[PDB]
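Colleague: The chain contents come next:
4 protein chains.
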Amino acid sequence: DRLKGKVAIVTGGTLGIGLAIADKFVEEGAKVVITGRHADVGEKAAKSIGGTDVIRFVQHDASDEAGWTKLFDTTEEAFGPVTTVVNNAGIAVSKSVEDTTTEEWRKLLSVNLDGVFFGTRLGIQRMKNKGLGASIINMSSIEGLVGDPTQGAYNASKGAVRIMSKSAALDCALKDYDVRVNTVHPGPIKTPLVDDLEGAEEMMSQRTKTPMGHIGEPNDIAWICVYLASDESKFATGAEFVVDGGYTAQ
Amino acid sequence: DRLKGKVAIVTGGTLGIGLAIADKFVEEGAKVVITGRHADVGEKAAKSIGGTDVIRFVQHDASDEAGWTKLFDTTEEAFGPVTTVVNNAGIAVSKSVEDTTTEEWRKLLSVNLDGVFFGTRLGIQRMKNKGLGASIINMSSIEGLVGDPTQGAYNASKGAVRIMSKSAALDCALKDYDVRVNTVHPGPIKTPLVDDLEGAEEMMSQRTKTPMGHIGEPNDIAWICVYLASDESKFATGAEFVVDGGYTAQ
Amino acid sequence: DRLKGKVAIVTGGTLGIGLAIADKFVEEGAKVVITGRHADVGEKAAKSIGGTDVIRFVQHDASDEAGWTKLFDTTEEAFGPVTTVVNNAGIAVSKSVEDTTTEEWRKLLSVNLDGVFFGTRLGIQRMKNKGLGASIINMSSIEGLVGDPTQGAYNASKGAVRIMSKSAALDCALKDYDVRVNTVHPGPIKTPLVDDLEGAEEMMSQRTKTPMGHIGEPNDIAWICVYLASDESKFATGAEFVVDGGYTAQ
Amino acid sequence: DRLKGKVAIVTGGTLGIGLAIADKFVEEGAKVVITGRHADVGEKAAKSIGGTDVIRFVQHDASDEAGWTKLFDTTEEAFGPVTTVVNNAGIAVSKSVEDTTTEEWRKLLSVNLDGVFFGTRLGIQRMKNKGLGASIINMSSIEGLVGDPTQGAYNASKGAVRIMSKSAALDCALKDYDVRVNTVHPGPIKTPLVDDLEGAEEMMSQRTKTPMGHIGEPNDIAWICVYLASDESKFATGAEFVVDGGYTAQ
Ligand SMILES: NC(=O)c1ccc[n+]([C@@H]2O[C@H](COP(=O)([O-])OP(=O)(O)OC[C@H]3O[C@@H](n4cnc5c(N)ncnc54)[C@H](OP(=O)(O)O)[C@@H]3O)[C@@H](O)[C@H]2O)c1
Ligand SMILES: NC(=O)c1ccc[n+]([C@@H]2O[C@H](COP(=O)([O-])OP(=O)(O)OC[C@H]3O[C@@H](n4cnc5c(N)ncnc54)[C@H](OP(=O)(O)O)[C@@H]3O)[C@@H](O)[C@H]2O)c1
Ligand SMILES: NC(=O)c1ccc[n+]([C@@H]2O[C@H](COP(=O)([O-])OP(=O)(O)OC[C@H]3O[C@@H](n4cnc5c(N)ncnc54)[C@H](OP(=O)(O)O)[C@@H]3O)[C@@H](O)[C@H]2O)c1
Ligand SMILES: NC(=O)c1ccc[n+]([C@@H]2O[C@H](COP(=O)([O-])OP(=O)(O)OC[C@H]3O[C@@H](n4cnc5c(N)ncnc54)[C@H](OP(=O)(O)O)[C@@H]3O)[C@@H](O)[C@H]2O)c1
Ligand SMILES: [Mg+2]
Ligand SMILES: [Mg+2]
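Going down the list, the sequences are from chains A, D, B and C.
Start counting at 1 in the first sequence, then tack on 2, and there's your number in the authors' numbering.
Start counting at 1 in the second sequence, then tack on 2, and there's your number in the authors' numbering.
Start counting at 1 in the third sequence, then tack on 2, and there's your number in the authors' numbering.
Start counting at 1 in the fourth sequence, then tack on 2, and there's your number in the authors' numbering.
Watch out, some of these pointers could steer you wrong.
Since copy identity is lost for identical chains, a pair holds within one copy or between any two.
[What the hints assert, rightly or not] Okay, derived cross-link-like pairs now, DSS-like style, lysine-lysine, Cα gap no bigger than 30 Å in a straight line:
| # | residue 1 | residue 2 |
| --- | --- | --- |
| 1 | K211 | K49 |
| 2 | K46 | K130 |
| 3 | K109 | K6 |
| 4 | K72 | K97 |
| 5 | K177 | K6 |
| 6 | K72 | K132 |
| 7 | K109 | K72 |
| 8 | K46 | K109 |
| 9 | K132 | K236 |
| 10 | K132 | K177 |
| 11 | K192 | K211 |
| 12 | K72 | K130 |
| 13 | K72 | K49 |
| 14 | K46 | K177 |
| 15 | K6 | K192 |
| 16 | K130 | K6 |
In case anyone wonders, no lab produced these hints; they're calculated from the structure.
With these hints in hand, go ahead and build the complete structure from the sequences.
Modeller: And the structure:
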């Protein structure tokens, strides 16, 4: 239906937000390849959504540049030319800037920043000039808009994704590539990332944090991603789509 | 049926953006009342979308405070409790701040700002605490994000709507009203507002203005409004949804 | 003397932030006219900063359009051509959008928005093309950047000032008028406005409001205005200068 | 005068913007250490401003992590505890995201992002809790606010610096460290970086780029840095100070 004919790569599509994006993309008629590092999780995730006629898992670390090439090749062979890239894989580290080790800094940036760069660069290269209505959806966060004292490297990575995506959006638009680039900025969402940080859900559910008084769910981010992947959003590029319970409005 | 059961007021819904919002709202299952000041244009507009079982026209100037209560009463008599208010009526004045007459200032603000205040205030009063999944969508502009040297009063109006809507969203969220408030920021859209302005489409299509090299169409704004009116966006409030061909990304 | 030769109008210059702006403007060599509604308060304020050779009080309500041209005339007759206009007069209303009466809406906007419009429009007309290094400083707020659930009309006015100022800045720059226009966005500041609201300073001093754990002082806003009025800022126009204890960074 | 008793490190302080920051810092009474990679240029730069009692050059690549500790030790041995860190060193690469090689990407980020991280992290460690009125000034750019189609890696780096600085600002504020962190966002400035790229100043001077119709000068950025280093800005933290001729206001 709303994504008829689309062919999407969703990185980190085996749990949490990415899993829900994959789920709703398939529901709307897209063919999907989901990636993650853990093949046990990934093969189960794909089967939980559908058969191999509509979704497949590829084991791939988003920080692995060479694997990105193989990932597009595998997706093309399975489903035809890629039309949609969701750079969603990402990790956190609970450290202030002051307390961030250089190893933590480089590791987080290798996934959250390099991975989004590799996927955006290759997405442009693979999808430009093909009349596909192509769309690159880069997962930022409210932490790409406001700071947090205890996620210094994470803040750096999400602010970089925010503005790098604008550069790509502009170049694709000016060159008539038929590729749009936008960023999505979730507020707190119930995912393993949040579930595995003790007390995170309670802290983020305070009204001083999220005015709605609760955190979101992965489908809240899947539905804005369906909009940005569909041709309904053919005039949206370089823009920031914030789904955050009011977090950044105060 | 993405808007199953919704009951919407769309101000200025007889031409341009508002007409397309009303069109796509009816397509997705909403009952709609459109407003405008010209009864013959408006009755035809309504009938062009559907019968009185799904859409009706009400003559009402958005700057008319007393008429806002009658407009809600009329819509609820027709279709039941209002769930969705799109404050779309608006006008432009091609004057710099320096050259703006006080008459022009007050006239434009009485529509673009007073009207949005009236609809937002009454929408909250009439829709809160009824479990309706209510949504107030306030039409700002890229001109609520950046300035334009020849639309001073318009800039003032669109920046007011931008931040006033955040106040409403926060209060509704904190009080558990089940009412969301967001703003939409179109870039240039082919409408009578633009068509009646000699040279405007040619000017806005320059790559230094809109990187996509063309202006949008009314459905481009309709589809983001369908997203915001639907329960798909139940975690989006107090946020800005920009559909502008890249205008504000550079 | 960083404001050597400057001649400044500071509306609402008899108490609080405006008083300190006037005070530091005189310390830096400017001649200053302060305005306010109450003559006993205003004559005492002017005298508390200096003599009539450097500062004078003029009774003028910023919402009074007719009084604006007389205010420029009086200042120029006293001190020579006006070079600097600080649109600082403003009022607050502690009401949600839902709870705002139309009288309260119109009244607040008549001061906070009309007054800034009147001073900016006249300031451009009377200062352009005279080699004065002219500067218009419009007092917005953090409430021009984020919403507050019980400051609806105030939010509307401060967002309007934010974007209307950009329009003016751009027109002046493109026409080589030698007039810059910028906005200042104070966070909470200890002033009679804040002193009169019982509990406001305690509430705004919580870390979830102001991360520094205390509110600012009027000189905090005076010093950014000195920078903006001086030729040090000859390349700054259309920009937002935020002095807020970290309030909007989280 | 305005920087009495301050002790500043200015990275990349031997040319362009950084040289002028150093020049005005010394004029206002600060002791300054400027860094650069080229020793002959650097010693001449320092001598051009003053003697070793007020300014000294230290050869240091901002991307060199271990050298940062030596740089702080050298500065403190010369002038006493560092109070002020200006992370100004930075490089550009004229490539779209699509055309950026991974080595170009890594190289630019090692200076523009890692260097700002290293200086901010160590600055907090070395200046907190000492009553210095410490200030960390991180040089972003208008390219941290909007995208540029031919500056992909640069855009990423400047957006990272923008939001990473908010994290640090908040942490320092919440912990009462007496350390402030802010970002400066120059528009086009006549410097060797701009001079050495053929067609830079001509293109940036077009009204569609810079509404003032000309680019800035290094002193334009020096003076906002003076304000941010001084105690005049003791209530400013986590904020963005834009000096860009109106570039981002349209
Ligand atoms: N949850 C929130 O509140 C929130 C809010 C705003 C933004 N975000 C952003 O949304 C995205 C998804 O977050 P989430 O909360 O859904 O995370 P999550 O629950 O931890 O899920 C992460 C997914 O990414 C995969 N993954 C982890 N590291 C990877 C790597 N190097 N390469 C490829 N895949 C990898 C995981 O699979 P494997 O473990 O098998 O690799 C898993 O499929 C992230 O970019 C995050 O920054 C989240
Ligand atoms: N077109 C663009 O490029 C653009 C871009 C950004 C934002 N916007 C915003 O989008 C909204 C719609 O713009 P548009 O371009 O579709 O305008 P448009 O083509 O002029 O259509 C205006 C609609 O509003 C109605 N209307 C005008 N004044 C009214 C009033 N006082 N009370 C009630 N209805 C009124 C008109 O009908 P009657 O004349 O019969 O009353 C018509 O139905 C406006 O808020 C505008 O500021 C437009
Ligand atoms: N204090 C804060 O926390 C804060 C934060 C951000 C922004 N602001 C803004 O900064 C500005 C100054 O606020 P403040 O806190 O210093 O206020 P304040 O202490 O109440 O002082 C207001 C000044 O304005 C004058 N005034 C009031 N209404 C006026 C009118 N209609 N025409 C001319 N003068 C008028 C008052 O004199 P009379 O009463 O004698 O007329 C007084 O001199 C306002 O724009 C406010 O919105 C304040
Ligand atoms: N110029 C503009 O239009 C503009 C606009 C906005 C922002 N900015 C930003 O402002 C900052 C200064 O730019 P600019 O135009 O003054 O640059 P510039 O004219 O090229 O000067 C750069 C200075 O940094 C030094 N430098 C270069 N690489 C370095 C490294 N790895 N470690 C330490 N020092 C290094 C240079 O000396 P050596 O070569 O000897 O090391 C020189 O002293 C940069 O962060 C830039 O991104 C510039
Ligand atoms: Mg906030
Ligand atoms: Mg722009």
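Colleague: Give me the numbers of the hints this structure contradicts, sorted from smallest to largest.
Modeller: 1, 2, 3, 14
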